[PDB]
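Enquirer: These are the residues of each chain, in order.
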Amino acid sequence: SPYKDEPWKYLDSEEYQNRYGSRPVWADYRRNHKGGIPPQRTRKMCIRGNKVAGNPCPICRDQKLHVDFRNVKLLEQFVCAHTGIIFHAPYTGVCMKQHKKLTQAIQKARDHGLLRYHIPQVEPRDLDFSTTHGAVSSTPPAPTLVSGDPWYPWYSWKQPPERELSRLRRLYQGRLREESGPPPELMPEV
Amino acid sequence: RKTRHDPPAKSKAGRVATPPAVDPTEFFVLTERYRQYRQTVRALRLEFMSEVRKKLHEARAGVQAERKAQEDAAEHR
Amino acid sequence: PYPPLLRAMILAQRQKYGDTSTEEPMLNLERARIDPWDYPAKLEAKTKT
Amino acid sequence: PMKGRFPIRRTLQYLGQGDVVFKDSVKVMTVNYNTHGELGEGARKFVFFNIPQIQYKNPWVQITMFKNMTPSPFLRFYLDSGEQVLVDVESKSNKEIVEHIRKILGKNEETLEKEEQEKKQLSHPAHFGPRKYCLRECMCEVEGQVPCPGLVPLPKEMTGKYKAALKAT
Amino acid sequence: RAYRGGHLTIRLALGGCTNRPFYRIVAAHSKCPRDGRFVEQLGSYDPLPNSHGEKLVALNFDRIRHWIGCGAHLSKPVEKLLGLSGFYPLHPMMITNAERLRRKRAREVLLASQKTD
Amino acid sequence: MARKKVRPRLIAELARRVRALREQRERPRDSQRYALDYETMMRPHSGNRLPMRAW
Amino acid sequence: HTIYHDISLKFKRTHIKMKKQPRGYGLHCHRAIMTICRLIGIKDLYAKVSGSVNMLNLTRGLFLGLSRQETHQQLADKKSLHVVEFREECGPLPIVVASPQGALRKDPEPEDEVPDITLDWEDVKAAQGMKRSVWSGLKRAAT
Amino acid sequence: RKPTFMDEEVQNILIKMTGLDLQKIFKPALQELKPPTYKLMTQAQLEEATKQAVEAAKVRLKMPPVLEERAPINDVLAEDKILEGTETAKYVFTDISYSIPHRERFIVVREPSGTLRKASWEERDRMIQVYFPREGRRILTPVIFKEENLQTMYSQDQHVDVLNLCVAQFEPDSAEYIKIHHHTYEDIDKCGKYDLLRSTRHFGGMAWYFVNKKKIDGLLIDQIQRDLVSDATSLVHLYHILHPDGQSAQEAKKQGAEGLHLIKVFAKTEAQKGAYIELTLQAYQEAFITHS
RNA sequence: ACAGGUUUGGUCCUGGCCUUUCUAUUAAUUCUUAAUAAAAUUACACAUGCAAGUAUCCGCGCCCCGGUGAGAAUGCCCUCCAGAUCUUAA
Ligand SMILES: [Mg+2]
Ligand SMILES: [Mg+2]
Ligand SMILES: [Mg+2]
Ligand SMILES: [Mg+2]
Ligand SMILES: [Mg+2]
Ligand SMILES: [Mg+2]
Ligand SMILES: [Mg+2]
Ligand SMILES: [Mg+2]
Ligand SMILES: [Mg+2]
Ligand SMILES: [Mg+2]
Ligand SMILES: [Zn+2]
Ligand SMILES: [Zn+2]
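In order, the protein sequence lines correspond to chains H, F, Y, G, E, Z, A and R. All residue numbers in the first sequence are consecutive under PDB author numbering, ending with 238. All residue numbers in the second sequence are consecutive under PDB author numbering, ending with 103. All residue numbers in the third sequence are consecutive under PDB author numbering, ending with 213. All residue numbers in the fourth sequence are consecutive under PDB author numbering, ending with 170. All residue numbers in the fifth sequence are consecutive under PDB author numbering, ending with 126. All residue numbers in the sixth sequence are consecutive under PDB author numbering, ending with 55. All residue numbers in the seventh sequence are consecutive under PDB author numbering, ending with 430. All residue numbers in the eighth sequence are consecutive under PDB author numbering, ending with 379.
Keep in mind the hints are simulated off the structure, nothing from the lab. Be careful, since some hints might not be right.
Calculated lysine-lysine pairs in the DSSO-like style (CA-CA distance at most 27 Å, straight line) [what the hints assert, rightly or not]:
1) R:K111 to A:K307
2) G:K4 to A:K335
3) R:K121 to A:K335
4) F:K94 to G:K108
5) H:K145 to A:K426
To be clear about the criterion: a stretch of chain H counts as covered by chain Y if any three or more of its residues have a C-beta under 8 Å from a C-beta of chain Y, and this derived list gives those stretches [to be verified]:
6) 82–96
7) 189–203
C-beta: ideal position from N, C-alpha, C; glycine also.
Generate the whole structure from the sequences, applying the supplied hints.
Expert: Printed below as a string of structure tokens:
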């Protein structure tokens, strides 16, 4: 591809109109299979390194066709103009590595307004809009909240009495541990 | 796990559990908070039991249930 | 005092029914008395009345 | 299907479109009709068409028919309390009997609507589980959260092997 | 299945994916397995934060209070999440763990100050 | 549950009576039940070891 | 692009059942019926051949069924009523395609509460979703 | 007694000014298709079908509620200093209950600093979308709503789709909702694309925005050029009702002019392109009087 | 099933088989890394390690988890629940 910057230029160029014309890129492509019904799984990847795996895909046979979310005329050939659904790989004839990328490009183009799709009429989320309820409005703060005190007074670290400390140390002999007073208020950083 | 009819292992047949180190100044201040929290959760459980009783009575003999119980028989007659 | 979220729930419950009473709600601890672990328990069978 | 006189009355759509739902008190419906005379034409058409419609939506209610026992066609509903509702039909058409039955003993529009609205509550959109009961299996598929490891590989800083290896040194 | 006893417990069933835990808050029997038969699912917990740096937690408070009034017990992480939410008071285990973390930070600062000079 | 081809098991019912009789006749007396070896801190009846804080 | 009405024809020993299809169901028929429709002009069609599969009888029965079609205009002429099309996507919009040219009869048609139609079990299964055949939902090539 | 968008005196006029165009209302979308149905009907039955279709299109043309910008949520329920750095991320708690509305759900957040506050709107709506998803909503902000993609979608004259997507995505009382609505209302009357909103369910909304922004020149000339005299004499009445204190509303009362002169008086009193409006009215007169 | 091959000098009809699609186990050939899911011959017999501990003694649980499908056409769904467990005065 000489363009490498504008995939839509090739679709309007002359060398495309004389080859494909008004017919989609997968018009004359026919996929071979084993019996009367083709497999539900198409070729995984048709280009391994530099070797082409025999009969190439309609997209992969001409390297000037770039899969991109900008050139919508190429992606429109893979979406039914009536049902608005994505053509599957057995329907198109492309390899799965390109079919997944085409699905991603179609979604990216629909997420950019470039490709049209159905937009249903949806009613609003809430039947009534009430901003007066206590869920979204401000609540009257607690007297312990406006004073700067914890929600429960026993949340703070209180020093136990020395008699209780001795009563605990008398019963927990042998397993005694180093004492530790109130922890710091603010934890320093590294 | 094991079963009631399985004998214990030889490595733990003569094994006794060992308690860890105990810090009293922390253990007491933790047990007091334990009690202050357990009384609060007990009160909250009692509040929830009262709410459940209220809802069960509203569902059994409620002023909304009796209206239907009467109007259905009236319309039936 | 009630916990913060439950306090907000209670303040928003009666507010919808037209109750402008800004009185502080408290949780009662009358029946919340519990015995310590050193309190010995009974060993007889409970009578289902 | 093809076999039978009216193959349409043996389809799921025909049996589902019949909106005749009794109350919880009706238990037995004894329909006694005749096979002669121009009068019992409505009762015969009712037995031929609307009996499966009612039986499909009332599976617990017994429906028993009788032919050539009394010269007057009638229906007899046996309620749970023991009250016997007798409905005589002599010249009523097919739809008239259905409307009369729905008027005398049936579920109202509001009665059906409240029940079908309460049944919707059991399936909750916020829960998680299999596709049979919940809309999502693993929370990875949520657009905002972290994707599933089988679909998107997790970075090395989040792998449990890297955390178990950095702690060894 | 039929059990000999057990008590209703509101716990967290760890049903998720490898290196991606996912706890479903559920009230179930105590003698049933973790991801086994349950009574009612109430909420969900996501341990790993999303792109917004938020750990999503779900609580069906109306059913939670109903089951607790019915006599369901709670577990340690359930109590921790309830204390973080504010439906229940903060757990003393969380308090003492915060205190231990502050003491560890203080010891780290002291060691960094004594190793610098 | 309740079938027509249910066999009336009698051994399962007789074992209940046997074990009920053996529970009362061979009931270990509280003396040797609470007997205690002050050397190994092991109960000779059940085989449990006492905790370390009670030593 | 499609045929007017569903045609269920029975030739000598070949039973052909062809159903009308929208713009999105293009020529999902036998490999010979598709070849014939591609030269006729039909772009969307579904057809099922049961019984015999003889090529000559298949062609003759297909042509007979396609020739015995009833145009909307002829139906409106023979019934003196408006042929109102109700597109499922266009909602309750009463689209009119054919008008009964001539004497417009003001007598309403007899509304039958139960249409005595001759359905087929092969269609009842498709309507109820009982078609568990693995060859039914296979992805095939394009037209 | 400030007239609101939900008032009958405004709604009955907006419906008449929008009008009923079934050929655009019941338009085949780009979804799955099914074979059509056919049935023989009389002329009376055809009229009944058309009136039922009108009754159904009323629901299609049901207007979306337009509100003001909601106040940001900033309220602290409790403060815990012991949670200064115990956690790295913040915990978002959402109350799940099918029997309560969404406007009354408690969406709280415990920050890692130790505070427990209420969540803002952008977080509350996101959590409501996560725990109760509806078709047409994206958890994250879609990229199409940026200036580039939005300008491209405007150039592709998809404003109706833009509005139907924004209404489904955002709340009608949020900030970005009003932002995008005013942005597309700027472009439609900048480029003169009022016809794209002729029979949609947003014509009332754009008219109610234009009567508040006092930009009626383009919409008025576009309504006059389409031979719509009733839709203009109804718009001038909406303007007079919404702005009672004004020379345009007082001169009309003191003159007692008819609906046809209500446009000329509005073009003379408070119109910017009054000469253009007068020229368009004269061109409409010299054509309609001669042709009918 | 959108079907195709196959009888006969040849045609039509009836008709069975196979091919065409999708999943799982084994065997042959080949083979480079990660992640995810799953590891499935055996109710044939087992060497060895671990899987039930807690606690100031009391007590509590000790096929609960987990494992398997030999027997049972066993069963699916629906009323009633004795009895057992948690909190209460109920
Ligand atoms: Mg064993
Ligand atoms: Mg796993
Ligand atoms: Mg054959
Ligand atoms: Mg032969
Ligand atoms: Mg192998
Ligand atoms: Mg080998
Ligand atoms: Mg023990
Ligand atoms: Mg098992
Ligand atoms: Mg047997
Ligand atoms: Mg019981
Ligand atoms: Zn390829
Ligand atoms: Zn996952």
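Enquirer: Confirm or reject each hint.
Expert: Checked hints:
1. R:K111 to A:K307: holds (26 Å)
2. G:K4 to A:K335: holds (21 Å)
3. R:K121 to A:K335: holds (18 Å)
4. F:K94 to G:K108: holds (14 Å)
5. H:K145 to A:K426: Satisfied, since the Cα-Cα distance of roughly 18 Å is no more than 27 Å.
6. 82–96: Since three or more residues must qualify, the claim that chain Y covers the stretch 82–96 of chain H is violated, with 0 doing so at under 8 Å.
7. 189–203: holds (count 5)
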